[PDB]
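Protein chains: 6
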Amino acid sequence: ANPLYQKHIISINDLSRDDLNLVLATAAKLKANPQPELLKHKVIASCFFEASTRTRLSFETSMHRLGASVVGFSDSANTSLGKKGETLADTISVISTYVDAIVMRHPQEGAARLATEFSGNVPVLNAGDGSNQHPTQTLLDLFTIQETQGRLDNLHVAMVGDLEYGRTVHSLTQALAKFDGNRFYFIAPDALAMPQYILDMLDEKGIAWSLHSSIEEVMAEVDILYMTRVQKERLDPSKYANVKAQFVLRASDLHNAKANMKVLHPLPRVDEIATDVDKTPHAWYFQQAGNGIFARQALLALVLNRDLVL
Amino acid sequence: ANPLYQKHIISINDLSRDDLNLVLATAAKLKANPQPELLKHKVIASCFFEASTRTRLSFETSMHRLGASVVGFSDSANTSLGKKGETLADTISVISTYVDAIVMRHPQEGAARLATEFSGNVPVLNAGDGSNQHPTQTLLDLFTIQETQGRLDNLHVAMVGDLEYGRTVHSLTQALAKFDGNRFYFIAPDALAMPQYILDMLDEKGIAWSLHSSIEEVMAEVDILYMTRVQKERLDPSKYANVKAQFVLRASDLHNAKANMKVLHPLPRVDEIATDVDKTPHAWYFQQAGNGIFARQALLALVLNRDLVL
Amino acid sequence: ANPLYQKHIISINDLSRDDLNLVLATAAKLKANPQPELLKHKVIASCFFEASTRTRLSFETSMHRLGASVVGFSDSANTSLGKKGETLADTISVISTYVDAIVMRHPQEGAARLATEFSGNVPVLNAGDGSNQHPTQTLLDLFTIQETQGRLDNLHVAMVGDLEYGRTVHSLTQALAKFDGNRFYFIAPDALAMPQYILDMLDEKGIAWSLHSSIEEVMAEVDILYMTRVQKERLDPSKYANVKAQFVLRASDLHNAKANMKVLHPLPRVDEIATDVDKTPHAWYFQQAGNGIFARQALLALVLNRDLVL
Amino acid sequence: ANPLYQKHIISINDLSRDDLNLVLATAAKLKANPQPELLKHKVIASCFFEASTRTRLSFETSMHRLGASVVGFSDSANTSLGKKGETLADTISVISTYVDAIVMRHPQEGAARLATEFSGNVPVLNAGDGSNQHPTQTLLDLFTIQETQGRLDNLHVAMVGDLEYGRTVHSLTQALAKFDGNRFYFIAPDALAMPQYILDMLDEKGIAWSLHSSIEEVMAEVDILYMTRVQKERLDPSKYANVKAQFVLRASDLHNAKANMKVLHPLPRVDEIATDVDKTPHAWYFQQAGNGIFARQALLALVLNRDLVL
Amino acid sequence: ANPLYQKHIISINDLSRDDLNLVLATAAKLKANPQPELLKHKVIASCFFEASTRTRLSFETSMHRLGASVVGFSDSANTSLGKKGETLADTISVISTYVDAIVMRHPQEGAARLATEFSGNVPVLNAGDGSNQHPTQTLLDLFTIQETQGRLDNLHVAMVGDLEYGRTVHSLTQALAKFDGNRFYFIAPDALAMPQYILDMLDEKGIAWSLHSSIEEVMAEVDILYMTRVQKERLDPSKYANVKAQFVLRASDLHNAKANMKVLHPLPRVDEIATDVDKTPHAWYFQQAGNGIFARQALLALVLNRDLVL
Amino acid sequence: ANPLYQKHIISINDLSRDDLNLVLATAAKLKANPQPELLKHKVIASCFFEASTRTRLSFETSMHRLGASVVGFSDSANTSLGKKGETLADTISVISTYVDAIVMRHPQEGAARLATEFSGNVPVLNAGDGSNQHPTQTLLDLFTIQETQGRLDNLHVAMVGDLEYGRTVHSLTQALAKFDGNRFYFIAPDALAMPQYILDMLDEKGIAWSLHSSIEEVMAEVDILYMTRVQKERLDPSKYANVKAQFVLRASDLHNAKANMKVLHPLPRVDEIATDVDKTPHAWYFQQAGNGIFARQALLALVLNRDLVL
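Line by line, the protein sequences give chains C, K, G, E, A and I. Okay, so the first sequence: first residue is 1 according to the authors' numbering, each after it adds one. Okay, so the second sequence: first residue is 1 according to the authors' numbering, each after it adds one. Okay, so the third sequence: first residue is 1 according to the authors' numbering, each after it adds one. Okay, so the fourth sequence: first residue is 1 according to the authors' numbering, each after it adds one. Okay, so the fifth sequence: first residue is 1 according to the authors' numbering, each after it adds one. Okay, so the sixth sequence: first residue is 1 according to the authors' numbering, each after it adds one.
If we strip away everything but chain C, and leave its shape as in the complex, we get:
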């Protein structure tokens, strides 16, 4: 069997570098040469306790593309005091007797991990557990970077926006740190700077990093510019306008940028990326989104199919 056969996929931190490459290789294989009948006869449960339509669509598309059958549900803001009756445990306890794997998304952190403890030999794949993990987002991010730079080492990577709450970039930073020679740049409105324990983790690994306050300072020399999504509630509406215009990206900010550089963004965006960057060779956020279905196919394939055909 391959290392990931029948394993739960809960947290980025539970994966070696070996693992990561394994996933990314499979993604690239499946993207080159589809296997629309790899999971024929499998039935996967798409369990979105917290609605997330862009996430469900991607994942369910991945399932069909492998020929698997899909059942599931999207929950409705919850209701009053939850499911109220059913413990999450009971819920998994039952569903794990219907299906061959579970993909779940939930507002409480740790829910995915909890499910593993009642799912028997049914693997669960975390599609988002509150503010904790979202591994396929990170995996899709990784795959996208590698595909476009040809490598995941010795890269110049910028992070921009709400770096304090932006779990997307935490995860991507963590996983890029299992790679050598990489160099980070963090761009944030001061009271939103990158949480320390990461930097501590970075210094301790010997990872070059620089805190800045405007995209310009570094634009000329980065390979990936990864933007997150600054909110109108987080910062207040007076300080917002006074410093908002550097956490917004226009094509005119790309005059001195490298011909290999791609701009990434987990989506959705609102105003943080002006639509005029869309037409440039740098915009790669839609491409990135597309790659989600390969990252997710890869993961489902590796977990449910004992030996992989590259």
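It is worth saying that the hints were derived from the structure and are not from the lab. Worth double-checking, as some hints may not be accurate.
Copies of the same chain look alike in the list, so a pair counts if it fits in one copy or across any two.
What the hints assert, rightly or not - Derived DSSO-like pairs (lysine-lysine); straight-line CA-CA distance at most 27 Å:
1. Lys-279 <-> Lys-84
2. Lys-29 <-> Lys-7
3. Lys-31 <-> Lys-279
4. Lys-29 <-> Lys-178
Using the hints, position chains K, G, E, A and I against chain C.
Chains K, G, E, A and I only, in chain C's frame:
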């Protein structure tokens, strides 16, 4: 390739007569001899931004009937924006990287056409865009008429009800006007008569038409009686009762009607057709509904499958 | 053909003992040796006019496990007591022209039966019609009992809880009464005792039954302990606490119980079964749930597939 | 006594020319010299089964100005279709043992009248009974006309807007027609003409009335110009289309008005009266509204105080 | 002082036979000669945390009749489970610095009692605390019995309806039993018998009571016939089945009543008392209701006015 | 006339120091010697377009205490649109013809000020206009501080909590800055610090202020500790618990505090002040609340009564 392969289907007006017959022929073929594996390995997106259960059921059935895989969503009225953050454009920009074709229904007019501008080479099929278009409803209407009369030319066709707001009949009128020798009769409570630009278009083509105020005047000599659904809000509730009883159909109104005539209705009905007409040979609205899955199969087949097997 | 081919499945009382065994035998066969392509090319409609996610999930999984395609809908608080335009009849009249079978769940009693009157030769399977029937729940119950005791006759069966409103146990009682040598024990807070017509039916068949008020009195000598779910609204919140602690089950209540005994519960449970019973050999409610997909596979298979392969 | 002592005021059509005069006379008297202790020790019920803030504030203020105490309720979007069990008749049978008079507004035509049949000796005053009557509105209208013109005979009065449903203009016309020599001018968007019973009534009394399509025709001759309120569903975007501006009265429309001309509107207005008329000497709708407290004081005074000496 | 000056009135069970008498005497006094200035310059809070219109109107009217000013609020189907943060205790702590007395009604048993622990020197009067107490309802009941019978000893009183939950009949029975020689007659639909603590209480005091199943048995002997109010969920269609008509009292049921016999019902009534009894001399429920303002005047008078001289 | 006769009271910034003292002196006079007939024969409108029960109760009590009559309304969640038809301006235009003064509370900022532009010579008093002003709150705060310290100058004042959104403290700060020798201490979780323009205003006036992060640092030396109410939505639920325990006050935090110090809080509180501080001599928030009715009496008195009697 057939003329429709890889084309967007947005508006009835974008189709030639050739086109229409092409669709209708394919419908008839598929109804006679199913191809439950024609679209095996295709993944279609059922995107109902505005909920419409009778429409989604029909369309999704069509998809499974051709062996395609279906993913999608039905949106929930409006707490305020269903979307707020995401532009429709961004939403299509993303979904068009997951799937092989998009079937969408939306409250704004022009939404489907807008989608085509961001869907790349992914075809979109309009399943209703506000009060503008609903092409598969027209096509299913056409197919139903042809099947039952053997021809789409030189026919005597009645329209009844809310002819001012009833887009269903506008479209059907428009498309029947791409045919020769046809003759219309419009039945409406005066302040709800058929919009003029239609008639202008009809006079200009040399199309015989007569405005009436009761079904009786014409019942004896029509081939199709197509009823729309008069509302309790549109006309007030005092004038309603005073003229309501001629825009209601009972079996007793069918004594002098032709043995070829079928009564149509896009559905649903409330009281405008009494249940006693159900048992008669003229009731064909349920049949009509059934034909929906053939009109829609045909369209999907033509669009996604380069060369058709009649 | 087998006796159930193309038959509607509406009410437990419409089935002979022969029928029941036929279903259960098929369940057992399918569980032993899956037929993931038995219903290939069938399209089933999953119509939940009243939402019930544990019920829909189970049923839809059954469908995909037999290789059938699934379309449907879940309704939103049946907001009020109906779809305001469409009669249920019209709705079935239409749907029965799209699909090969109908699985429906509805707030009004008799809705399933009504559907049969408009569905043509399309079979309908009742997945719950208000407080009347839920036959797959009973069938899954039956199957679960037989599997674990090896027989459906001469058994010692306990029912616990809201026996006045608990339709789950009524049905199970009725169907277990088409078997010989069975002995019941009813445990209820007095003003919630088992409806009489049941008992009348039992005396008239010569069925041994005893009314009790605490689980203890009988625990030592039962083969099945089937628990229902007592509500916080039905009994008021003063009397509740004064007698609640015997309609709650702990592992410590299982010291003198038989090594063949299994505890059942249709689910979900809230507090009526403490989680400490989960780890014991008696807990079988999750197993029971899993059997749902075999009872339900069996029924779809028998109905849609003319001759069965055991 | 006084003719109105202990009488109900339910409908305009129940009041003589004398009655009308008495009310208006009293009104003016009270307006000139207040009697803040006239109803000391009375308790009045302000029963607003249908919420209407403008109307309730007026009525209640009047009660306080005369020294009475007020108790009551405004009602709400009714959960589950009402007090449901409790008849209006039981409600009025009870409330009428507490209080000295009942002022009530209700969504059903005839509610005020039914109250009197159960109120005993407690007079009930109608503040609005569905689309039937609203006598104090009419009385404040009359009072405004009389106060500014010095008279209720020999006037030139124009009604403008929705004449089909403007219950205000029906009432006012009825009333004025109890007086000699008035001449009427009716102006509608063609649609929404005047009820034929009103016109028939004018003819027997021998009263001049003319129909018109814009105000221009009539502006130079009128003494009162009364505008109705005009809903979004009362009319549509299609009949707001070529002539919707006379539906919008502007200061410019007033250049040739007689100096004495006043413009009344029962309020609220949405767009039918432009704010630039507010500054003209003809705008009188706010003043009209404040006269309501005198009409209402008058009714309450006359009805509760045996002999009302000015 | 007077014994009740500055005391809280929370529960019937806190009041002596003398207390009861004082209230009733005062009530009669006030009813006979009003003192509309007795509480001039007092301000009372009418705190209705639970909406109850009938109760609030009565209480407020009483305050006004005694010349006090009223402020307060009626509450609503509570969004998000309350003031949530704000404790009732904080609420009472604040309000009791504004006002001179608090009349409050609350959905929780014990709320009035808790209020007194924070109200300081401000008396609180209980207007309903969940299913616990409703003292003024009970006092108006006693007052009506006393006024019409000339007495509260040596009576023959029948309670009819839901005796399990009829908090009105529990209270009234308790109070009457503070008096000598009353004999009681209880009548239920078998189900819903009287609470054993009440009966046990009667036996110690040495008081005659009889159980019965219809009113016929008892009609010729009773002085008061007190009906409870009876809910749709309190009972069901199955126990409305063979004997539901004695649950519907009709004029015909009254042929042999003593001339003095009065029928009281705390109201509202839905179907349990037919409208044809309304005309009989026995019907006294509306009079009963109007007596509430005296019971309530009385309480307020006594509690706020140091020495109440009749 | 006194300076405030017939003036609108909209914003704290529209009042001199002289004004403030004038209000506070009148408050004290009225508290010492009530004038229950000062406003006899005035009618005030209590217009709460946004509901606020603690605010309405206080204000309405003030009006009754002065003998004024009160009419008004509380609005119901603004109902999606608001009032839809009526412009605020029209609403004030009308109400200002009924009444002698307007007290209003409204969700939009500037609504009070707008009212003044249509209210003629009727004074309006702002009872809260979105997040802008609430002057009677500040005034009651001021009066409470002065009464308990004997002076409004040279005081040591602490502000605690959500100092970024907490308009209550902004206003109190502003107004205290029209006094000499005062010294502030601001206690906040960093991303909620006191808005700068305030501080700028303070530096510019020469006002000593110190930013801190825990109550302890200063407890020993303050005269007023004024707490605001930190939300569970504003800060997120992970960071909340990590720093929550210093914005919570227990009695044990009061060991080294001055014998003149009083703890203030506009109310309501939830957990930010533990109930054990209630019993200490420092708790003054309920007292503070009481003072609201004198601040508010003073204001109404000064505004509607041309010359004051101290």
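For each hint, the structure was consulted:
| no. | hint | result |
| --- | --- | --- |
| 1 | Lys-279 <-> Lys-84 | between (49 Å within a copy, 23 Å between copies) |
| 2 | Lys-29 <-> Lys-7 | within (21 Å within a copy, 30 Å between copies) |
| 3 | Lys-31 <-> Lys-279 | within (24 Å within a copy, 44 Å between copies) |
| 4 | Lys-29 <-> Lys-178 | within (22 Å within a copy, 50 Å between copies) |
Comparing the model with each numbered hint stated earlier shows that all of them hold.
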